[PDB]
Structure formats: structure tokens, C-alpha cells
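Based on these hints, arrange chain B with the ligands on the given structure of chain C.
Read off the chains here:
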Amino acid sequence: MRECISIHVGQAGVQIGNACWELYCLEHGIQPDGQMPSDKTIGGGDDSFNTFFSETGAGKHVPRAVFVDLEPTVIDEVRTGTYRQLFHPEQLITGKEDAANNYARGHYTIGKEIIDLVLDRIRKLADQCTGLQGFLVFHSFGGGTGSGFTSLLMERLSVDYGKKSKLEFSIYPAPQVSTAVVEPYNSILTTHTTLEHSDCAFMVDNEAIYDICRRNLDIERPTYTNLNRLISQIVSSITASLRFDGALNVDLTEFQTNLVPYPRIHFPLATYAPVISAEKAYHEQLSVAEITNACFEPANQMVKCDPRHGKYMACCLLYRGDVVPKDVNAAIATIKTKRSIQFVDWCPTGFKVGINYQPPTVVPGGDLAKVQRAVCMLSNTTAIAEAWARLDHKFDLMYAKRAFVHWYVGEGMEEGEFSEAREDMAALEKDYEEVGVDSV
Amino acid sequence: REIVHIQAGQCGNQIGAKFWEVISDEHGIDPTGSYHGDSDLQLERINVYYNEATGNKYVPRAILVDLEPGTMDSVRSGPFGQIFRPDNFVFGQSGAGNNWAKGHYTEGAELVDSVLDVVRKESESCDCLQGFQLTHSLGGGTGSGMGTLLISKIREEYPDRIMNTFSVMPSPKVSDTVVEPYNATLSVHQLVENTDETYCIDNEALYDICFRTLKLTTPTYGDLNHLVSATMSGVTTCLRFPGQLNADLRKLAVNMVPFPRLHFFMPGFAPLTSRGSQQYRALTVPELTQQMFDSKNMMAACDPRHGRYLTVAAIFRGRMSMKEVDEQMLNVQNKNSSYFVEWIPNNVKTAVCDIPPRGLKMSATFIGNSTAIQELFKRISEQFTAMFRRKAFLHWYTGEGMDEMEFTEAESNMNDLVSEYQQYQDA
Ligand SMILES: Nc1nc2c(ncn2[C@@H]2O[C@H](COP(=O)(O)OP(=O)(O)OP(=O)(O)O)[C@@H](O)[C@H]2O)c(=O)[nH]1
Ligand SMILES: Nc1nc2c(ncn2[C@@H]2O[C@H](COP(=O)(O)OP(=O)(O)O)[C@@H](O)[C@H]2O)c(=O)[nH]1
Ligand SMILES: COC(=O)Nc1nc2ccc(C(=O)c3cccs3)cc2[nH]1
Ligand SMILES: [Ca+2]
Ligand SMILES: [Mg+2]
Ligand SMILES: [Mg+2]
Numbered sequence: 001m002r003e004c005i006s007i008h009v010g011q012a013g014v015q016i017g018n019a020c021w022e023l024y025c026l027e028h029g030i031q032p033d034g035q036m037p038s039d040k041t042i043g044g045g046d047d048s049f050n051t052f053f054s055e056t057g058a059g060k061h062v063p064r065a066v067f068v069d070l071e072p073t074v075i076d077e078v079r080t081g082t083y084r085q086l087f088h089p090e091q092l093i094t095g096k097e098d099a100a101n102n103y104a105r106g107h108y109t110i111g112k113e114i115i116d117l118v119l120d121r122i123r124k125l126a127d128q129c130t131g132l133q134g135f136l137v138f139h140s141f142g143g144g145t146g147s148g149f150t151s152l153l154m155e156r157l158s159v160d161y162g163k164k165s166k167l168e169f170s171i172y173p174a175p176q177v178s179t180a181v182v183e184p185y186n187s188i189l190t191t192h193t194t195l196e197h198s199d200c201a202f203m204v205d206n207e208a209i210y211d212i213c214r215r216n217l218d219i220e221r222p223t224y225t226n227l228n229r230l231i232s233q234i235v236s237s238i239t240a241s242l243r244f245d246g247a248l249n250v251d252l253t254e255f256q257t258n259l260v261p262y263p264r265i266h267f268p269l270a271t272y273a274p275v276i277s278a279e280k281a282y283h284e285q286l287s288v289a290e291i292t293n294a295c296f297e298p299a300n301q302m303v304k305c306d307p308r309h310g311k312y313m314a315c316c317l318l319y320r321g322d323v324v325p326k327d328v329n330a331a332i333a334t335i336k337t338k339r340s341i342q343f344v345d346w347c348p349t350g351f352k353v354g355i356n357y358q359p360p361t362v363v364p365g366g367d368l369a370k371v372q373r374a375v376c377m378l379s380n381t382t383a384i385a386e387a388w389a390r391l392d393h394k395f396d397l398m399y400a401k402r403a404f405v406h407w408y409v410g411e412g413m414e415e416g417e418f419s420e421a422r423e424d425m426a427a428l429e430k431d432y433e434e435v436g437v438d439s440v
Numbered sequence: 002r003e004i005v006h007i008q009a010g011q012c013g014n015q016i017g018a019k020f021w022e023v024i025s026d027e028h029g030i031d032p033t034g035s036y037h038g039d040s041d042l043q044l045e046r047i048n049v050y051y052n053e054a055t056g057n058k059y060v061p062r063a064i065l066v067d068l069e070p071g072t073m074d075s076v077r078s079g080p081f082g083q084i085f086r087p088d089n090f091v092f093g094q095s096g097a098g099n100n101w102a103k104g105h106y107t108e109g110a111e112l113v114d115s116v117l118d119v120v121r122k123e124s125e126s127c128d129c130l131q132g133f134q135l136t137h138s139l140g141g142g143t144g145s146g147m148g149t150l151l152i153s154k155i156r157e158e159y160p161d162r163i164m165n166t167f168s169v170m171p172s173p174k175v176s177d178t179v180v181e182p183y184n185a186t187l188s189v190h191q192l193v194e195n196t197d198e199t200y201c202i203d204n205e206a207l208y209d210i211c212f213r214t215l216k217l218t219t220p221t222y223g224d225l226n227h228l229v230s231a232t233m234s235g236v237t238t239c240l241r242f243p244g245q246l247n248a249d250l251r252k253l254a255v256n257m258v259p260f261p262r263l264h265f266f267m268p269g270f271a272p273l274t275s276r277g278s279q280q281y282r283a284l285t286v287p288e289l290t291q292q293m294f295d296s297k298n299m300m301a302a303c304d305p306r307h308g309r310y311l312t313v314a315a316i317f318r319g320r321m322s323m324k325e326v327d328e329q330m331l332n333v334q335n336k337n338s339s340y341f342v343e344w345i346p347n348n349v350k351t352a353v354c355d356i357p358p359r360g361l362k363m364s365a366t367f368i369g370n371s372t373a374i375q376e377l378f379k380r381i382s383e384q385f386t387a388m389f390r391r392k393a394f395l396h397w398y399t400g401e402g403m404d405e406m407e408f409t410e411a412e413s414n415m416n417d418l419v420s421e422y423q424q425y426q427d428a
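From first to last, the protein sequence lines stand for chains C and B. In this text, residue positions in the first sequence follow the deposited numbering: the first is 1, and each later residue adds one. In this text, residue positions in the second sequence follow the deposited numbering: the first is 2, and each later residue adds one.
Pulled out of the complex, with its shape left as it was, chain B reads as follows:
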């Protein structure tokens, strides 16, 4: 049940590297690629994300993509930099200049075939590929523009394979350029059509968590990415360790996605921890459950009370009373049953893994499919329109062959997505 991992762009490669270093530690894999752990549970499903190398080394089934070598050179010189298969480093030189058009139509188009060659080489080694995952931001040019181009071509060559993304949404609070709403809007429509799951990781929420909650007065991208890798570890625990759950990507998606276009998830994590800052008292199960449903642990910066949950999934990790988990989960729902749709019976599901993440005696990862996610897309839409009204900064795009019409279309189908969410919120 192999999964092929792809990371594109600066943000995509930075959270991607973080992800691989986190789960490598969980599976006992060192930066050389050698297993030294103490449980067979660490190796029972290690083939999901790792390839076995002759001379018992484990090599991440990961493909690293960029239009400039800057960040990928930082990866190769990073902590676990040497664990990656060197041939899986695919990079151009020209960069994308935070331009969706450059990533999707010109610069990215020139490189995209080379990436697919590596994808194919990794797929043909898979006994039974269950799907792909992609890490990237939507606000830049490579991850946003070339990443969605990649997704389109992967769906052409593998039309019956699951494609899931962890997608970082842009925010003025944590902003590189002013054209991020343009790139995000163009990307969102691609995701609506060609992914099965998109985890909406909002940089606004990540900032607010680091600031308001983790009490970090000046959070970096590194602080923000600690939350992301911790969440990605939790979202994929189900797949990497034995337990109650052994669903493949498709079965997971089936029970979470009632309508094909509404597959944008609000992720959450508890307890919220800043890097380095140890703390010694583990949370009680009522504390875990209450936090993971609280908006302050949400990473999408949407208020779940402003919408309704279509489906909810929660994975608890560590040694704990699942009977107590059962009671607290059904506590939360039965208390707030007005924020859950009533036409999808038993739409709140839970699972436990015995193995806790590093540093915590117990934790919980939240995956909400809420209609409140429309607030994220409305936010991007407003910022899009404010500039597009005056056709501001459009020359960066028309200079790469794009027409105003493609923006008008992108704008319109995100507004459709928004209204489609509104339809089921009032059902």
C-alpha cells in the first residue's frame, strides 16, 4: 500500500522536509536511512512511505521539485537531507517569481515532464500504489502553479489514483508578495477538480496559534512549520501504524467526502506545543477532546460555529482509555449537535493508535469537513477582487500569455464553491 510523496516550491519543500524528519523519527529511521528502533510496530507499515534499499536502508518515496535550487540545496544540507534519493531532486534554475503563470504555463511546463519521469519510476516499483500526496503553498508560483500543473498531469496518467494535498493558504499577516490572492484563487479551482482531499493549512491560523496561544512574539516560518509537520504526522498515523484503522486512502476519502467538490478539510491538533518548550503534564482525555474542537486549535482560521460539520474524523495517539475517549467524543457532539448536519448519520468517527508522537504522552489530531471553510475562500475572494477591480499587478501574468478571462473564470468558480457550501449549511 505505497504512497508517493511530492513536495513543490519553497514552502512545499520546507514543510515536506519537516514531515519526513518527524515520521522518520517515529519509525526509528536515522538520517543515514538505517533503522534503529525498539518496536516491530515501527516497521510493520514502513513500506507505505519508505522504499527498502539493498543494504537495509529505507529511502523515502519522495520527489522534491522546484524551479530554483535555493531551497532544495538547503534540504540536501538539512538534518535528514541525505536520506532522500538524489535522483528524486528535480529542479530548474530560472525560478517562478511568485507567479502562477510561470509555474503553470511557461517555466514549470518546461520542467514538468522530468518530474513525471521520476513519479513513474517510483510508481512502477509499487506493488499497489494507493495514492499521491503533495505539499505546497498556494501563494507563490512553483508550489501553486507548477504543483497544480503536476496534479493535472498525474491525474491524466493515473486517473484512478487518490490525490491528496496539504496546501498552505496565503494571508496578509504572513505574506511575501501582494499577488498571493491571485495565485491562490487560480490554484483553488485546480484543487476543486483534481484532488480527493485538500488540507487547508492557513498561515493566518498558524500565525495566531504561535502568537496568541504559544506566546511566541515573533514567529518564524520554522515555528509555523512545526505545527504543520505535527499535524501531517497525525493525519497519516492511521496509515503508518497498525491499529483500529487500516483503511487505504480511497476508503478514508469515501467516508469523509459526501460531495466531490467539497473536499477541503479543516485540520487541528492537540495539545498545541511550541518547539523546544517541554511541558511535563499530559492532557486528560476531556482536555484533548475539548481543545481539538475549539477554534483556537483549528489551522484554517475559520469559525466552525459559523457552519456545519459534514463529517469529522479524530485520531487519538498514546496509551489511554478509549472508553473515556468514546464518552468525551459523544459528549462534545450531544452538547453541540446543531453544528453537525443531521442528514449524515454518525458522521463523527474516532480511532486510536498506541504510539504517541515524540514529546507527548498523548495527542489528538482533528480532521473536520465543515461548511465553515467557505470563510477561507470568501477571504481570498475579497482580496482577489480588491486588486482585480483595477486589474492591478496583472501585467506579471499577461506577460506570460494569460488573459483576463482566465482570472474572471477563476474568480467565478471560487464564488460557486462558496455558494455550494452555503447550500448544505442551510439544509
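Isolated chain C (complex conformation):
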């Protein structure tokens, strides 16, 4: 058992969902029609891939997933795309009019009209689980649906599913691939609202992904298609421990025990390696030592920040492919005596290590080279607070003049929700500062 239900909210959430589930299918040998030849137990099973896939009597393997958007055109591409047979029509939910990059519309005006239907469809997935573990919520910070509706959904999920775990994959706004101006507002609002209802959240900075695609994959001007394929690999590395088995496999929940020292401190920094093109990977093996060392090169982080100017509270290494502990241990020993790695004084310094033997897969016609071994580092660093600081500052600049606020007030919100949300963010930044001060 131990099923996980994925929920994809808004354009960013949905389209990243496409990338992930396509990648999952390739990893498990699941065809676009849902058929999986290597699976001999027809109509059910308790295999590791069953955490993410349910099974019909006709042998179809169905994602434990709901797609939600307040506007239909993004999800419509899923309904008519390559993997349309994968999903039951009731897993794909759309309204007619989006939130127009307005949190208020996503959380209130438009969201309330569809939230009951969404909870019903999620309930129908939960009822088919023999031991539901929790949820995975994919969304942007900047969208009106990604921010507003997600926080509404997270609030309702806490009511309907008690303390059942809820994890986030959140897209942090970058101007390079955005045409919105009010995203700092939506970002601060959803973070404040969701903070109590999320157990762990993986922020993905679009600028970090954009840079990596440009510098490492030599993509002149990355698209959402380019970003999502990279993001899906990081998401895959993180969920791999839930979907595959293995002696040296360590479950995500065990890493979570180390990553979250206080409820509010639940934002791990992800670093992934190797990201390399086919052209450059030819005749060039990337050893365990080489990719491990790349985890401490800030250019490979999912979020722009400098851990070398912060403190560590946890460090996890999630390997996949041709990797054995002996090589890991040696690589780590080298790094510990050559890197700027400093822990807070109230936390042990050892690196928690996981290894899945099944190697990384690539999507056909993608940009990433197929490699024999990859690694995702999940660290808890005070430096992640830099991402809050940049966002909060953009917020302050606009809010001082009350720019764009009338759009929010017009949909029923009050200025008091803004200041309250901002104060939570100020306290959050101070929390990250306080955990880094040495003990008495």
C-alpha cells in the first residue's frame, strides 16, 4: 500500500504533471494506453509502483492523480494528448474562466465554485487506497489558480484528511519566463495561507532552471517544455524512493524526519546532477565523486541562494543508478574536507544517504543526456531564506503604493490579509535567522 495521490493545480502544476507522469511511465515500462506487460498481477497489486499507479481489471495502470485548472485549454491538451488514455475523464477537472493571476479569484470568487467537485474527485481516489500516505501538490506561486486555489485546497484537505501528509512542489516566480507583475502578491499570500497545512515544500526557482537549461544544456532560450523536463527529473529523483524498491533504498519520509527540525522550517533546497547534453556526455563518464561534488556547486541548485553563506541543518543524498556505498562514502569524505559546509551547533553533521538501483530515464527527443548515475541532494539550509527575502522585497515595493491591490479588494479581499500575510513572512525570515544562531 502506502499510496500517494498527486494533485496538479493551474497551468504550471498541470504541465509539470504531464512531464512527470510521462517520465514515470517510461521508468516503469507503462505504455501510453496504460498497459504494462511486465506486470503479471492483473487488476491490482502491492508493488512499489502501485503507490503512484492504480490498476483496472483490463490491465490499465492509472495515475493516482487529479488535474485541476479554472480554465480548460491547458488540461484540454492532456485530454487530447499522447497520454489521454492514461487518465479517466473524471481525473481532469476544468472551469471556464481562470483567476487572471489574481489570488482572490483562485481562493474565493472562482475557486469556491469548483472546490467541492475537486474534493469529491480526490475522495474517489482516496477511497481506492488501502493505506493512503498523503498528497503531492504541484502549483505555481504566481498564478491565480496556482496560488489562490491551491491554498484553498490545502485548507480543505487539512479538514477532510486530518494530519495526513501534504507535500508541495512549488514554482517560484522568475521574470525571465513570466508576463505577470502581481506574482509577488500571490506568492506571499499562498505561502502564508499554506504554511500551516504543508509538511514539506520543494521550491523550484524558474530562474535557476532557466539558467541550468541555458548553461548546461546549451538551450538558447528555454521554454516551459525545456524547464518541465528538467523539473520532472528532480521530481522523479525525489519520488523514486516511493516508486521503486531496493535494499539501500531510503523512503522519502525518513529523509523528511531529518529535513524538518521545526514545522515552519520545511523548505528543502534541491540540487541535481548531472545535467549534461548528449554532445558533451559522449565519451565522458560522470563518476560518483564527480556528480556528488556537483551538488555543492550553487549553479546546480533548484533555488538561487548561497548555502556557503548560510548554515546547514540537514544534508541528504538521493542517488539513482550505478552507485554503491563505498564510492559514496569516499566522495563525501573528500567533499567534507574541501567544501564550505557548516552546520548549526544543535544538529549532527552526517549526510543521510539513499540509493535506488534503477538508473535515470530520459524522454525521447529531450535535451538531457542519458546517464548511468544521477544524484539529488536535499539540504536544509538557512540560505533558502534568501529566496523569501527577494520576494518579500518586491512585495514591499508595490504594497507601499498599494499597486494592483484594487484588483484583490474588488474580488472581496481586505488590506488586512496582505499585511497579515506579509508579517507571517517577516516572522518566517526571522525564524530562519534564529535557527542559525549558536546555542547558549
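Since the hints were derived computationally from the structure, they do not count as laboratory data. Keep in mind that a hint or two might mislead.
Claimed, not checked - Calculated pairs, BS3-like style, for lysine-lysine (alpha carbon to alpha carbon, straight line, at most 27 Å):
id, chain 1, residue 1, chain 2, residue 2
1, C, 164, B, 392
2, C, 326, C, 304
3, B, 174, C, 336
4, C, 311, B, 297
5, C, 338, B, 392
6, B, 174, C, 326
7, B, 216, B, 297
8, B, 216, C, 336
Said to hold, decoys possible - Covered stretches of chain B, as calculated for chain C (at least 3 residues, CB under 8 Å):
id, segment
9, 84-98
10, 167-179
11, 374-388
Claimed, not checked - A partial selection of chain B residues facing chain C, derived with a Cβ cut-off under 7 Å:
id, residue
12, 223
13, 391
14, 394
15, 396
16, 399
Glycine included, C-beta positions come from ideal geometry on N, C-alpha and C.
Leaving out everything else, chain B with the ligands in the frame of chain C:
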């Protein structure tokens, strides 16, 4: 003189399975449960750990417990997996997430009655149950949290029965999560109150032995457990085979435990062997004796020279001159009589069994009740405090209904235990 065995959690079931496979080989029991050995000495006390099944099969008096089916399914598919009574597999589904509170208060509490039912069913078949033994780690949630809950309830239903534990102590060297000092500290106080013997098997020491001595550059849990099962075989040789000694658990404990709370033993074994690696020259008796007293064979990672021995027990196995054993034993003491308390006369005792373990022509198992064991608890205490100062990772516990006060109490009574050891070291 039956003994009821219980193994709880991942670590508890893995060393437990190892234990049963080792002594089954010593008693000539195959994985089907059929005896095929060549000595009646193998069967004279086989009822201590085994039940006789109609159709002359021997079934381990063992109860297997976990909050998740993962490791127990590995057991059932293991080498001797089929030897265990299927009804004695008791498991939940939710797991414990390396959380003492989940094991002791919530998830474990929901399952603990089912385990007791099996315990009772095995006890009522015993002509005269002499006691219980438990294998578990202290660093996780099931073995640590539910294991001590189990021990508390067993003492309620069987207040006059001996309870002994083989307990794996956590170490940053061999570590799963950062909350292990929390779980260990909470568990240690339970053990102080409700066990008669606790064998302090330190994963740090087990690592160092595999590394520094057995020259295994990357030791696994499997390598670590080879040392544990070899030690458990030796500690229970006394009970499983005829010889000089025929004390029941209670008589054994009486002569080893001068004060009720100070019952945490430093185990040792000689010669130290890595799995598979044959070696052909047997040790001379002076070699056995010198090694078993050397800190490098200790499995508690405490320096015995930093404390004093209250009592010592040593069991030698194999065909050898016990007169020579006598002389070497009294050599070691009379050489180092400053590491033995002088107010417990003749506190160093020895015994021999003719039957050696598999692979060795002779061996020796060490059981030391030293005040140096306080180093183990001080180590755990320091690591506890470093996090608890900042109330770090506490939300995992408060979320299950626990209060900070219970941690403060746990911290305090382990510091009392430490100071209590210091009292007798300076006597
Ligand atoms: N990485 C990535 N980011 C995306 C993608 N699509 C949109 N975004 C980002 O999401 C933010 C805008 O939010 P959207 O997800 O498009 O909006 P929404 O959730 O549909 O909410 P609405 O306002 O109602 O449309 C911008 O910062 C975009 O850069 C995507 O496919 N991949
Ligand atoms: N010696 C030994 N220690 C183990 C083994 N498995 C886990 N441990 C240790 O036990 C602690 C984790 O507890 P675990 O038994 O996995 O948790 P549980 O299943 O909830 O009881 C850590 O300190 C590990 O180092 C094992 O097979 N052998
Ligand atoms: C399962 O519980 C035990 O085996 N406890 C136990 N406590 C013991 C104490 C001593 C000995 C032992 O072998 C001795 C050798 C010499 C004098 S006593 C053996 C012991 N076994
Ligand atoms: Ca199946
Ligand atoms: Mg949209
Ligand atoms: Mg474990």
C-alpha cells in the same frame, strides 16, 4: 526451563533472525524444523528455545513483531524463514517512522494487545517459563518505543519472570535519523526499571570492529549482525548445552547484578571473525583470554580501564585445558586487580562448554558488568542535550501527544543513572 523470545522492529528482527539461524545450526535443526545432528548433547536442552511439534519438528519459541510488514516479509523469505510459527508473526501496516512516541503511545498501543495474546499462548505451553528475551534497537520507533511498551506490559502480567534484552545502541557513525538520541534516551529509562539484564550492543563498537580489526572497508548491517548473533550464541550457550553451568536466568542474574538499576552489560567475543573469511589456526588459551578483556573486542565502545568491574562472567567453548583457562583468567585479574572492585570477593567467574560454535575450534564470550558503561549513557546524553537545548525535532513527538516534560524527565533519570555508576567507581 523454557525461554520466550521476542523480536521487535527492523533491527530487532534482523539480529533476531540471525540468532535463530545460528543456534538452529548448533542444535542441528534445518530450515524445515527437522533435527539432523549427530550428538544427543544437541537435544538435551533444545526445549529451552524450541517447541516440539507433532511430526517431530522443532519450532522456535519466538514472537516476531513490527509496525510495518517490510522486514518480517524479508524474514519469512529468509534462509530459516519457514521455521517460525506463522501465527507468531504480528505486524501492523502504518510503521513507526523512527518515532518512539508512535511505537510507545499511538501506533504501537493499537497493536500491543495482539502481541500479548501470542506471548500468553506460548507461556501457557511452558512447563516452567524461566524468562523472556527481547532483541531490538533503541534508535528507531518500533523496537525502541513499542519494545519497551511490550516490556512494561509483560512485567504487569508476569511480574515474577526474568526479562533480558539485547539492545542495539545508536551511533552517529551508523545512523539512520537524527532523532536516535531522543528515542534511545526515552528507552533507556524503561530498561533501567523493567529488565534484569540489558546487553548494550553499541553500533559504534560493532562498526569499529568490522573496520579497524576485521578490515572491512565498508561494513553493512549484515556484517554488524554477524558479531551480534555470534555473541548471543555465546551468552546463551550456558542455557542451551549441558556443562559446568545449569543456572536458570534468575540464578544467572543474581550473581551478576549487585544493584537493581546497574544491569547494563558490556558483551565481548573472541576470536573476532568476519563472515566467510575462514582462518585456520585456532587461538591458544592465553590468546583467547587476553583478547576478551581487550577493549577492541568490547561491543559497547566503552573503555573498561575508565571504570571498574562489578562482576565478570566468561564462557569458554571447545575442547581445551580448563586448568589452563583457570591460570590465564587469574592471570588477567591478578595483573589488573585495580579495575575490579574489591568489595565483591571472587567477582570473576568462568565456565566451559565442550561444543564450539560453527567455524571455530574454540571461542570465548565475555560478559562484563563495568561502571565504564556510563560512557555510553553520557555519550547519548550529550547528543540528546545538543538538540533538546533548542527543542529541535520535538514536533515529531508533540504531534503524537507527548510533552516536553517527559523528555526533561527522561534526560534527568539517565543523568541519575550516570552518577549512580560514578558512585561505585570511586568506592
Ligand atoms: N516551470 C514552469 N513554470 C510555469 C509553467 N507554466 C506557467 N509557469 C509559471 O507560472 C506562473 C504563472 O502562473 P500559471 O500557472 O500560468 O497561472 P495559473 O496557475 O494557471 O492561474 P491563472 O491566473 O488562473 O491562470 C509564471 O511565473 C510562469 O512562469 C510551466 O509549464 N513550467
Ligand atoms: N546492528 C544493527 N543495527 C541496526 C540494524 N537495523 C537498524 N539498526 C539500527 O537501529 C536504529 C534504527 O532502528 P530500526 O530498528 O530500524 O527502527 P524500528 O524498525 O522502528 O524499530 C539505528 O540506530 C540503526 O543504526 C541491523 O540490522 N543491525
Ligand atoms: C537470554 O538471556 C541470557 O542469556 N542471560 C545470561 N546471563 C548470563 C550470565 C552468565 C552467563 C555465563 O555463561 C557464565 C559463565 C561463567 C560464570 S556465568 C550466561 C548468561 N546468560
Ligand atoms: Ca499488478
Ligand atoms: Mg491559467
Ligand atoms: Mg529502520
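So, going through the hints one by one against the coordinates:
1. 164/C x 392/B: 23 Å, holds
2. 326/C x 304/C: 31 Å, violated
3. 174/B x 336/C: 15 Å, holds
4. 311/C x 297/B: It is violated: about 37 Å lies between the C-alpha atoms, which goes past 27 Å.
5. 338/C x 392/B: 31 Å, violated
6. 174/B x 326/C: 15 Å, holds
7. 216/B x 297/B: Satisfied, since the Cα-Cα distance of roughly 13 Å is no more than 27 Å.
8. 216/B x 336/C: 23 Å, holds
9. 84-98: It holds, with 3 qualifying residues against the three required.
10. 167-179: Since 5 is at least three, the answer is holds.
11. 374-388: holds (count 3)
12. 223: Given a least distance of 10 Å, the restraint on residue 223/B is violated.
13. 391: Hint on residue 391/B: holds, closest Cβ of chain C at ~4 Å, below 7 Å.
14. 394: 5 Å, holds
15. 396: Holds, about 5 Å.
16. 399: 10 Å, violated
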